[PDB]
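**Student:** Now for the letters of each chain:
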Amino acid sequence: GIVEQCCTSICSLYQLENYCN
Amino acid sequence: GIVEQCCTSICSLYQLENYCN
Amino acid sequence: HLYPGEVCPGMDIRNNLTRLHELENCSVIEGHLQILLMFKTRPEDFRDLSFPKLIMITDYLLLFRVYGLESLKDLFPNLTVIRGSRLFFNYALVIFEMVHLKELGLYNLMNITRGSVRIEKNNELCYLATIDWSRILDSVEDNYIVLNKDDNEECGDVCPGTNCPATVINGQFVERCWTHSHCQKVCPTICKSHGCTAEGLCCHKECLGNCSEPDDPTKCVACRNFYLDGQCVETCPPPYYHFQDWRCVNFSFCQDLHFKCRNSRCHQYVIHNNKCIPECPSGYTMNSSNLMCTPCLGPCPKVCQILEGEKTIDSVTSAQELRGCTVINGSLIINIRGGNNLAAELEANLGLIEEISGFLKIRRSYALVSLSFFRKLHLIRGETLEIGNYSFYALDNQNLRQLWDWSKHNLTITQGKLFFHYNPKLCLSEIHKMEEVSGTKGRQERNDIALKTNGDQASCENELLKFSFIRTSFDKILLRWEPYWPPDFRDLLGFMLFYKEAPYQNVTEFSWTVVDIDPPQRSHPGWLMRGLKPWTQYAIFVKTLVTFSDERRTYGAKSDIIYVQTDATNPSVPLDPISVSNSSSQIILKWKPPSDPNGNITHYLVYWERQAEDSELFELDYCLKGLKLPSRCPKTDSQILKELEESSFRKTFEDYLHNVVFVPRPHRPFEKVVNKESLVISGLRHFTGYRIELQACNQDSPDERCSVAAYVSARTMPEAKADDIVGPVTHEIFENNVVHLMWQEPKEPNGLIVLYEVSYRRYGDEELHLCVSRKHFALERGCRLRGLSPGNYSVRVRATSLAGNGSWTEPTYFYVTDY
Amino acid sequence: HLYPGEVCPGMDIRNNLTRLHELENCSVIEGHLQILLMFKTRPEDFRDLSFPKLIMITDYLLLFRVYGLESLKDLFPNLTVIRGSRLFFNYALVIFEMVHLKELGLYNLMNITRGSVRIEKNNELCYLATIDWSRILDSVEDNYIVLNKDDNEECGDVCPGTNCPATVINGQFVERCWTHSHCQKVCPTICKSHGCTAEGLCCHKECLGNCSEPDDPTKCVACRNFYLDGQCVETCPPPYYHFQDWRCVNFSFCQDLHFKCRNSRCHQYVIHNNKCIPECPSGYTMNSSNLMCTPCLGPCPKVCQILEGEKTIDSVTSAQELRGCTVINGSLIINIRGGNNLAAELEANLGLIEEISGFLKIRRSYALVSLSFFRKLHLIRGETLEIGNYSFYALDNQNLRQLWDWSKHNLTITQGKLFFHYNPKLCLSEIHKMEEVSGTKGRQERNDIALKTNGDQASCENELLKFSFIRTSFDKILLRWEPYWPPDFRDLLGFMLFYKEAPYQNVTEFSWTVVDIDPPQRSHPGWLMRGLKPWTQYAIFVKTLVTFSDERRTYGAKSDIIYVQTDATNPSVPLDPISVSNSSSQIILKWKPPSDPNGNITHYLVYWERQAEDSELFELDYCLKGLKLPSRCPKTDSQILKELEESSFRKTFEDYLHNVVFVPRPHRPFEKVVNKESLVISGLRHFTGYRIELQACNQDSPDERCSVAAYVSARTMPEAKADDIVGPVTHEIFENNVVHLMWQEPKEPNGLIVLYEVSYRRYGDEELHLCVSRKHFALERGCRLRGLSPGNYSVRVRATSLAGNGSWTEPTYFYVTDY
Amino acid sequence: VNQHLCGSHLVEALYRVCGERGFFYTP
Amino acid sequence: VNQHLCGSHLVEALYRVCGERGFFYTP
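Chains as they are written, first to last, in the deposited numbering: chain C, 1 to 21; chain D, 1 to 21; chain A, 1 to 162, 168 to 270, 274 to 518, 528 to 539, 549 to 658, 687 to 720, 758 to 910; chain B, 1 to 162, 168 to 270, 274 to 518, 528 to 539, 549 to 658, 687 to 720, 758 to 910; chain E, 2 to 28; chain F, 2 to 28.
Honestly, the hints are just simulated from the structure, not real lab data.
Honestly, I wouldn't trust all of these hints.
Residues of chain F placed beyond 10 Å of chain B at every Cβ, according to the derived structure [what the hints assert, rightly or not]:
1) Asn3
2) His5
3) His10
4) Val12
5) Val18
6) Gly20
Between beta-carbon pairs, the in silico distance windows are [what the hints assert, rightly or not]:
7) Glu517(B) - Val799(A): 49 to 59 Å
8) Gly23(F) - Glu517(B): 53 to 63 Å
9) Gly450(B) - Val140(A): 50 to 60 Å
10) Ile694(A) - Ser380(B): 41 to 51 Å
Ideal Cβ positions, reconstructed from N, Cα and C, are used throughout, including at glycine.
Please take these sequences and the hints and turn them into a complete structure.
**Tutor:** Shown next as structure tokens:
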């Protein structure tokens with residue numbers, strides 16, 4: 001899930017494009 | 001020890017003679 | 001009438017209104033509708049768009065961060081029914097972070113068949129307290145509506161009152182309106198769920214929400230059970246099969262869907281039990297030519313391959329994905345962070361499963377109370393185990409009380425160890441029963457099943473204490489119970505006795530005043555209570571206090587709760603006894619029942635006695651100057695550990711001593764009131780003060796048992812002409828012009844007479860006044876005069892009493908000698 | 001003098017007095033004496049037996065169930081010293097279950113060198129409160145004396161008072182006597198430990214307990230340090246070696262003992281450091297010819313083979329068996345069920361060990377606070393592990409706070425896992441530091457080190473909160489602190505604010530009023555207090571409230587405790603203000619300091635004012651009848695879980711929504764009083780009322796801040812002769828025998844004058860009295876008389892005031908005309 | 002900027018990183 | 002009689018079973 005990547009782990013700018021067109 | 005035999009476990013009449021002359 | 005247009009299976013709208021235009025030509029949504037993630041929008045963007053064709057949505061409606069949308073009354077002005085076939089986290093209507101929204105405006109929604117509504121984080125939303133969810137939702141308590149303007153602020157609500170019906174919600178009535186201009190439509194109670202017309206007439210039996218003409222299947226806007234050719238039918242007649250639990254279709258439609266799914270990427277539809285369902289249940293397999301699943305001649309279960317072998321169950325929709333499963337090729341993690349009991353829906357969706365390939369884990373289920381919803385769960389293979397080689401991992405279940413009913417239920421655990429921790433309302437007896445029944449007795453090691461965390465908040469001592477002698481008194485209760493002794497009698501620290509008043513019978517176990534008792538010596551232990559409130563029922567039960575032991579089961583001893591009522595006694599003095607005199611012979615009394623009845627007040631006592639007139643007044647010359655006659687708590691946490699430690703230290707020293715020493719060689760008028768708080772006294776003399784002795788007394792025939800009385804004094808109203816002097820005034824004149832005036836006194840005056848006034852005036856002269864007091868009246872029998880000038884005089888007589896000034900008498904004429 | 005007779009190493013007596021007789025010929029016991037298990041005995045059996053030779057016992061004295069023994073004054077009438085070289089469960093004198101015993105009677109015991117005394121379960125024992133253990137034991141708090149007649153009952157104690170010295174024990178003095186006829190001997194404080202003679206003179210320096218002649222080593226009954234040839238010496242001179250820490254012996258004795266032990270079944277004695285000891289320490293080995301242990305040219309440790317490989321340490325004597333050990337070939341279980349800290353003795357006996365072959369286990373050590381007594385413990389091999397493969401098993405340590413000082417201490421654990429549970433005052437930081445330092449980081453699995461049980465009663469949030477703005481006012485305090493946010497900001501539940509008045513500085517951490534604060538929104551959080559008590563110093567610190575997390579180390583945040591004092595204000599009205607009129611012109615005032623000083627009372631204010639006499643009395647004719655002139687709480691346990699569950703449910707729903715939505719595509760007179768509670772007022776008019784306005788006022792030069800005054804009425808005493816009429820009485824007689832009497836009024840009477848009395852009497856006739864009031868006096872300028880009979884008359888005049896009746900004047904003579 | 006994003010903050014983080022192209026949803 | 006003997010009860014039990022011969026203590 002996205003939360004298990006961002007809220008628990010740390011999210012970089014690169015993989016946030018996977019949730020956008 | 002004697003207490004570990006009688007208070008915790010169960011002592012029969014036979015082995016209490018080990019504590020008497 | 002009924003639904004026109006296409007069926008438009010559920011769709012998703014994001015980031016713009018461009019893809020929203022496809023909802024125009026359809027009236028029913030056969031799926032889920034989501035409008036969400038809308039930032040580049042303005043309020044004027046929505047007024048030009050409206051969808052009045054929409055009628056009923058099968059799954060749910062979700063709105064999440066749709067900027068610029070203020071009210072839904074234009075978007076969906078004909079939505080009436082939300083079936084809730086598939087939910088969104090046990091919610092049939094979700095409104096989340098709907099910024100720039102003021103009111104719902106869904107003024108045609110009538111019934112939500114299944115699910116609940118959650119509305120949250122809308123700082124501009126109002127009209128939430130003005131809607132009655134009970135008329136729509138079967139279970140209104142399942143709603144979660146918080147964080148809005150209605151609780152953080154006090155935004156005004158204006159329901160048109162001049168017509169919005171008012172309905173009580175908790176204890177008061179208030180108008181129900183969707184918007185400032187739309188009252189909430191309410192149907193008569195006779196129209197339970199079939200809806201009502203404009204003037205309020207029940208529609209057809211199979212109607213739902215609203216209807217055009219009552220008692221007509223073809224004039225309803227939402228078929229309650231099934232839809233077919235503009236008509237609601239209780240069931241689909243042949244050759245039509247039930248489809249999606251809302252409409253009837255023929256074989257051709259289901260065949261086309263099945264073929265298309267086979268010939269493409274799925275829900276490969278089949279037919280079973282007169283219904284076109286996606287997958288037919290266990291023990292059946294679809295044939296080649298026809299779509300009906302014939303039963304199989306063998307035990308073929310319906311497997312459900314869990315991805316990643318570990319599925320987390322946290323909501324109704326998450327559990328629904330396992331509907332109809334029998335063999336689960338994975339592991340289940342049951343984790344409902346809720347607060348409301350979902351046992352019914354879990355038993356409906358789950359409970360048809362037989363085996364679990366992996367492990368079972370129940371963690372932090374705050375709402376769960378019993379794991380009985382696994383109706384047919386028998387085998388847990390445990391091929392894949394939780395870290396630490398565990399096959400049943402129960403942890404932090406706040407309200408879990410019962411695992412199963414071992415009188416009937418069977419279970420089998422092949423591999424893996426048990427685990428239990430922080431189940432405060434689950435007792436060790438259930439865990440050990442599960443160990444014995446499953447067959448995993450010799451598999452768990454120490455600390456696998458915690459002892460200090462399981463059942464610590466449950467009273468399950470599984471050992472009975474019986475009260476042997478209970479006695480009741482005025483305000484004390486004497487208790488006695490059979491002695492109890494653990495195998496090591498020094499482990500007993502005594503008993504805890506808990507008592508609390510019980511106005512009603514059903515009282516919970518485990528206020529609750531705590532008193533300690535020293536253990537008996539080695549004559550039952552017993553205990554005597556102090557200072558109870560009379561005529562009150564109490565709950566008594568004794569809980570033992572024993573030293574914890576790690577090696578074995580902790581220990582157990584407690585008594586079942588008993589109920590005892592202390593006796594009645596004399597009541598208290600009546601409060602606020604007030605006397606009012608309304609007539610010259612009548613006095614009314616008012617009082618209230620005593621604040622401490624101490625039983626049942628059977629009657630009241632009122633006593634009368636007169637106060638004698640002050641003889642001091644009778645012996646005063648009031649004609650002198652100065653004649654102004656009166657006108658009438688717990689226990690410290692450290693301390694308990696302290697005595698525990700002291701007792702354990704004593705036991706340890708005794709054990710060490712015994713080890714070292716021994717070596718193993720090889758009267759007044761009154762009356763009785765009957766249930767009246769007021770009374771009238773009859774036959775009283777004017778201006779006669781009465782001391783009212785009032786008793787509240789709760790026992791008449793078996794001797795009076797009642798306390799002292801209340802003292803209050805009242806004086807009657809004055810008479811009419813009591814002070815008026817009766818009898819003609821007689822005058823006497825002597826040889827030397829000495830005048831003596833005699834008159835008859837008012838034998839029955841208002842209390843007493845203090846003085847008399849005589850006013851004599853010559854014709855044309857000035858009036859002269861004179862006072863005659865009590866002693867003067869007694870001595871002179873009236874008035875005596877000396878040295879009168881010649882002429883014709885008029886004499887007036889009046890009397891003075893405690894009432895005040897009396898009326899004058901008729902003047903009398905006399906003439907004195909001139910010589 | 002010194003010790004005669006043999007040495008009689010300690011023995012045991014059981015079941016009869018037959019073997020007790022062997023104590024007759026010896027004075028010193030070089031061992032332990034136990035008299036126990038004596039049932040077939042009678043009180044008359046002991047009166048015929050006495051042992052006055054005994055002087056001192058090296059190890060201890062134990063009495064256990066010796067029937068028929070009532071007092072020890074005959075058995076041991078000369079015992080004076082208990083060295084306590086070897087104890088009996090950290091006790092140097094044990095008296096247990098001594099039935100049929102009334103008093104100790106050990107009236108010659110002076111000093112117990114090492115150990116403590118435990119007396120228990122003697123239902124007939126008295127004189128226990130009449131003994132001062134402080135004069136004997138260095139640590140009197142280590143005693144355990146319970147379950148006797150002195151607490152379960154009230155047996156009388158009769159110490160001879162006509168001589169038993171009285172000493173304070175807690176706050177009161179009471180006589181100290183061993184028996185009804187033996188006062189407890191007390192030495193002067195100058196004689197700290199050497200004892201005193203009969204008349205109270207300090208003995209020799211090498212003396213202890215008692216002496217025959219002061220300042221003489223050879224005239225003492227107990228050598229303090231060492232004994233040799235009837236002489237007490239600081240140390241044994243050559244060629245004598247110290248033996249048993251109490252006497253000096255030559256080489257021959259030690260050699261004989263060593264040879265006998267070798268040539269028999274043991275304490276194979278050796279010599280080292282000028283002492284004959286049983287076994288010489290690590291790194292030394294005894295030679296063949298001589299007995300001295302030469303140091304070895306290699307690392308040879310002193311191993312101590314533990315039987316069964318698992319030794320339980322629970323007392324000083326059990327720990328003493330490991331004295332001098334360096335390598336322990338077994339496992340240690342440290343289990344002190346005590347209540348008193350035994351750290352000193354544990355560090356003395358233990359702490360010399362280096363390696364442990366097996367495991368270390370510390371269980372239920374209620375008194376332990378730190379494991380620092382293992383001074384030189386470095387390696388734990390863990391060849392034999394606790395069940396479950398554990399090498400360090402710490403469990404249920406009630407007061408354990410620190411394991412070691414990791415800034416200096418080094419440790420090594422080879423094999424085995426860790427374990428920690430229920431150490432409420434031990435924090436996870438210490439455990440993790442131990443994991444890192446030892447090198448066992450990647451060895452423990454989940455639940456090996458519990459999180460909800462360790463440190464739950466310790467404030468070790470290890471994160472600082474700093475107050476940014478604190479402001480103080482009259483009765484409220486404004487607080488502000490920097491905002492805090494965990495990585496998941498929704499976890500923040502708010503803050504707990506704890507406040508309590510602190511009269512002194514040192515206040516503990518973790528009464529303590531609890532107030533909750535809502536978390537901030539996303549402007550520091552802050553909070554405003556309500557209704558403080560003025561002029562008081564308070565303790566303030568903020569503790570965070572955040573959701574528990576299982577996956578990792580939880581979270582942490584708290585503020586260091588601060589101290590703030592609210593300001594001062596106006597004080598309260600003075601309490602109990604009273605006035606007494608001691609003199610005719612003096613009034614004394616008495617009052618109490620205000621109950622709420624609200625600061626420091628710097629001074630007091632007293633105000634004076636005279637009240638004019640009632641003019642109503644001045645306008646009354648008091649000669650009329652009727653002349654009676656006046657003569658002058688917490689938070690529900692379920693509720694907190696309720697809001698925790700609600701917040702967690704909200705977070706879970708948010709997470710589920712985000713998971714589902716996003717998809718990863720690939758003026759008046761007065762004065763000032765200075766610290767006086769009483770006052771005397773002078774210069775007051777006699778018999779005149781005065782109203783006193785009294786103020787307690789705590790600020791003089793920087794404006795007065797002080798409240799309303801107390802109002803009282805005080806009237807001065809009257810002058811004795813104020814009512815006495817001064818001035819001669821003047822009489823006037825007219826032509827018609829009309830008499831007018833003139834006199835001068837008392838211009839300054841006690842308040843005022845209401846009326847005058849004139850008494851005129853003819854010589855031989857009756858006295859006639861007359862009253863003249865104020866108006867009559869003013870109108871007639873005295874007394875006027877009409878129609879007097881002829882003769883000689885005497886006229887007496889007096890006055891009436893508010894104080895009472897004035898004195899008469901001197902009678903005056905006058906006579907009237909006879910015509 | 003690398004920091005923990007949860008709930009609302011994650012929402013505006015997604016809105017800043019993208020929104021010119023629109024959020025992805027599988028067909 | 003077979004029952005758990007602790008504290009004093011152990012003492013009276015030992016005095017009842019024996020005491021005509023005396024308790025044993027190793028030399």
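**Student:** Broken hints, numbered, in rising order?
**Tutor:** As far as the earlier hints go, 4, 6, 10 are violated by this structure, in ascending order.
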